[PDB]
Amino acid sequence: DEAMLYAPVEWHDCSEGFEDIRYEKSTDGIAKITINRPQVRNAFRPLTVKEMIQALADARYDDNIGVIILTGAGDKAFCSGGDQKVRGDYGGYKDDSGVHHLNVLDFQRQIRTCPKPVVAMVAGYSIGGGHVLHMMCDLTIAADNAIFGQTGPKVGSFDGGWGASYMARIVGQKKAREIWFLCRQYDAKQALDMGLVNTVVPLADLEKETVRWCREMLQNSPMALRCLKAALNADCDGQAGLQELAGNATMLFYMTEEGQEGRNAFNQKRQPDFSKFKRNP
């Protein structure tokens, strides 16, 4: 239904109180987080990350939202990683109160455990920490002007966490070592060819196509989506992944009569009677 998928999107502004990002919601259930620091190619300082964390937490708890888009303001950059202008000498990035942070690690975890799909909408540069962020998103929609790469070994940094291992799970070990060791830039076609992004579209149609992809997911079962996301994380995240996968199993079990009987019996101060529930093979 292209008429539905390509219908106009009406964004409602929810940016009140944010300084470094914009946060918007569509009537049909898309939340969009936009890094708004185009002057530094949308690099994040600790405040930026803090605000993205708050926005993503809101999206998670808004039961009208089914999908999140992460993007950068303007056409030149999605995100250029940590703001090197505030990178201190004592183990992180300094906020205005002098505290050193590495809070993008919290945001990565939050994207990972979000039960709703998160989509990176990438125009122009997705570089360094900004590159890890697009990789963390479940899907990436790239404009034909998109440019991807890491710079760690050039700028005195590295992401040896999901920035390395998870990258290898997307593009394979040979490509991952190349990306990290040489710190070249890759155009959208190169990214597409290596399986790094899901599709490449003309810059002009970036939001149009991204919104179609979100709407396709919004037609589907939110329960199935969250279970599948956990299951896919589970191939990577050991017990942390089991926590997500089993957690959803618990939720489901709480919705059954057998599970509910355990609760009722406790509340009614009696023994449970699980005999009425047939054992499946």
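Rigid core: the largest C-alpha set superposing within 1.5 Å between the two forms. Numbering follows the first chain given and starts at 1. Shifts are known only where both forms have a C-alpha. Compared with the form deposited in another entry:
After superposition on the rigid core, the Cα of residue 11 moves by less than 2 Å between the two forms. Taking a Cα shift of 2 Å or more after superposition on the rigid core as the cut-off, the single stretch of three or more consecutive residues that moves between the two forms is 263-271.
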Contents of the next structure:
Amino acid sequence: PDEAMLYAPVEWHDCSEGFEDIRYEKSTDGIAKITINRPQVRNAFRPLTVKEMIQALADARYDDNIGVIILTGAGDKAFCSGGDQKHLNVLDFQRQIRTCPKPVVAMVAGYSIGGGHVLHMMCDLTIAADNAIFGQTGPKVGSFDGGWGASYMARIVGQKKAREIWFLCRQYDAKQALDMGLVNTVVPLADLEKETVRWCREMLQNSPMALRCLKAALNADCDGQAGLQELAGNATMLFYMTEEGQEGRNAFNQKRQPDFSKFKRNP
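Alt. form deposited in another entry, vs. the form deposited in one PDB entry above:
If you are looking for partners or other molecules, they are not here, because only the chain is given.
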């Protein structure tokens, strides 16, 4: 749509009540924002942080006013620097982002590293500041994510770069990540939220149903039968919104056997 709308000021309302490690805000125009708020530790998550993010995300998913989720870190220095070095419920969170019917965007300034780097990849889109830094650390610190951290990363950057990223554990700047297709765009640090909000509003103008259907379709290319469950799940929901889909329910209400003879067969 028009830039005037897209770059309009963002109003965030606080819904962080009871959260220790994260902030949770909503805009009136449909965006929910989850902020890892541990900037002293470069926004490393600990098990509490994960549990809170799971709650915030369950909430965003169930809130009809919300159509897009942003995941970010407080400050300019880190998105998320990984698991806290000082059990593995972050897997749950990965699943939860994967199966969330609304687009989830990673708004990344500075460090996205380790468990934190898998977090941004799990998100549908990544918006990077020009100061953003990406990479894995597992093999360097005796650990690994060989699940979506591995196979899904390949589906993003190809198998030669996935092997480089994991095996060597180097760091990559924003341009390097842009070039290998690891992030969707690179924007100046001062404009990060401006542009991220723009991208969200662009999606918000589009069909929520279409967006969830394509999301599941894109997962379905990776997640075998789990993907099929999402994709058919939307198909079922769509069916219930058609007349033939409503006959069974109308039949029961009217105390009669369903009659499918009165419906056209398509080719």
